[PDB]
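Let's start with one chain on its own, the form solved without the named molecule, as structure tokens.
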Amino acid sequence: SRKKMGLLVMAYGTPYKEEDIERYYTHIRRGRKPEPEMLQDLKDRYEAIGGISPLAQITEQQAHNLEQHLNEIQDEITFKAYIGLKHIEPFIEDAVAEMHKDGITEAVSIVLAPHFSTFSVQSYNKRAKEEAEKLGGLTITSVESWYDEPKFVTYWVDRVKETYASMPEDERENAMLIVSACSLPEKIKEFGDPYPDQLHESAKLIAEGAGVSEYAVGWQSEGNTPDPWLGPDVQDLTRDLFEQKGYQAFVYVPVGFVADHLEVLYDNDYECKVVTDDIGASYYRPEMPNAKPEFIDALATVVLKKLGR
């Protein structure tokens, strides 16, 4: 009695083992293979954050718990998850072709990044649909943004509340909340990309929910191209904020990310930590959503809402 639907879960992608780093970054660098020194630096970074293998496992866990959870909370549809990545197989095109081969005719997609952007989400979505259209007999409704889903906001609000609650009294009264997302070229402003505004909206929502009056918006993990990227970078923001008001503790909420990947374990837990340690403030960075039940339910709701259910 259930209708069969494909669940297309897309993400940036992560290497599966150390030997994948080269091709992973070459693909990210659009064909430019990292020099030996960079390659070694990269390996060291991954090793320092606890190894690579756990990383890719997270996306897989998220896709499968989501699939099982959606299949459990409603009884009209039976979902089958398919992972489509941007920088490593299984690629988006691959995930779609396989859905087509398994007989899927109807699908719903969602990108494992809460804020819409012309650079990523729109691109992932456009590519998934074009492949489908190329194969035929398969349609896809795509979620474009979900940073505003209440369950998702509540997840970060409560993690923030716990973090501040755990702080000493003097730290609780002199802390700064830095909410961030992956940086992108400023040029996206040319198309009226709402990415920046959406991140600011995420920050306002989480801070308001958590009762935090002092907070700021920053960006991190930008790439390296001649064209200016969205700023300020979380590193400069932290030091700048400290130099002007002397906060004793910084709370980092990389709302743009959904799992324990390199951008959070290193770019936050290491790079921002270097700065807070340097200035003498306390470093705090709440648990990322990953595959926790609360997160999965929020995503399930996002998908069901998209389908009018």
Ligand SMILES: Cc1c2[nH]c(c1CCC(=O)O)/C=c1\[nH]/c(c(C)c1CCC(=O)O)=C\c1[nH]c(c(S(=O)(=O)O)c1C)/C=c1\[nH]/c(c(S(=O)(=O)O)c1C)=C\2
The other form holds:
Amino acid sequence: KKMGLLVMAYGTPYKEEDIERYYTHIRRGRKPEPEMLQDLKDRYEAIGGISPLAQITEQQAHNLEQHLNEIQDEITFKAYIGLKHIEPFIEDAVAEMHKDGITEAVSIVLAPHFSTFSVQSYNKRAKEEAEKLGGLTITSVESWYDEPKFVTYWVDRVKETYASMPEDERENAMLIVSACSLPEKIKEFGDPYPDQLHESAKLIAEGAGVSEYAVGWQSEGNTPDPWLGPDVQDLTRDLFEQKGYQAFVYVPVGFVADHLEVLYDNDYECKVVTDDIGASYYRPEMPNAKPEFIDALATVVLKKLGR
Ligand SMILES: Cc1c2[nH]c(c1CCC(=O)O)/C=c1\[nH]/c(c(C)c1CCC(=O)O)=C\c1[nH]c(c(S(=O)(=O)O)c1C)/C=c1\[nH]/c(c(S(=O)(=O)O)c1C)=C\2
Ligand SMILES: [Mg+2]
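Instead of the form solved without the named molecule shown above, give the structure for the form solved in complex with the named molecule, please.
Complete assembly follows, chain above in first position.
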């Protein structure tokens, strides 16, 4: 049995040549002004370049198809990447599947929390393009933050981080678990996105044994509408002022890979804030394409299919 494996993600530019069109796409067609563009470029430079980041999704999708075809023998999976904000787009991935003769696919988004703006939008764009082309069906994973193998990944890293600490810090530490902020209007549709982030943080804090943790949001866009808050920078400060913590540990659980939203908005922006206040900054390794994470994903996909 052959099945397409449609792996979807937000996307990151493969080359600097694409930073401009990437950002224009995110800004819903509004082209960056030259100084904004330069600012962006400088950020990617500071984190060591854009090229490494794109490759991680490629390796994630490839490892997942491989481990999927390794662990069972009734389905042969073939992976297709479809990205929201850069080529190959979701629609081009479905088009390729159809060309290769695929009639049934399973899709998964590389974002463990369901939202209307992210997961649902991707799943719908995929299904609508399958329907336009005819004779291809897609069953879509909606959320997987609660998969135990995925909780275990983050719990072990948090445990290792607290274990590595000075004794002084362990007893005066704060866990901040976060994901990408979205327009506050999502709550008009009862979007469970904020609740699922709360549940993630609890699952991970409790598995790690952590009584003190908070949920924050990051990497918000600039629009006239309110976005989900508090932002991690304001939360880190409010927390250092209701209780004066000495170490802050950041688990960007909404992100699966090293990209700008982590390497910059956490390791720079939040680290600017901890350094200032002389609390310590910790941020454990992102899952990227480590075996333990890909196994969790394979399990999510098989569970979805009824195995
Ligand atoms: C400048 C701009 C941005 N975003 C928009 C504008 C122009 C509209 C206006 O402000 O009047 C527009 C939208 N972004 C949206 C939505 C639903 C709109 C309205 C579209 C319309 O005009 O109908 C959603 C949205 N946006 C972003 C995401 S997320 O990454 O998935 O979280 C999502 C779901 C991301 C961003 N949007 C941004 C920026 S940035 O300030 O960094 O340049 C970012 C990082 C900026
Ligand atoms: Mg920002």
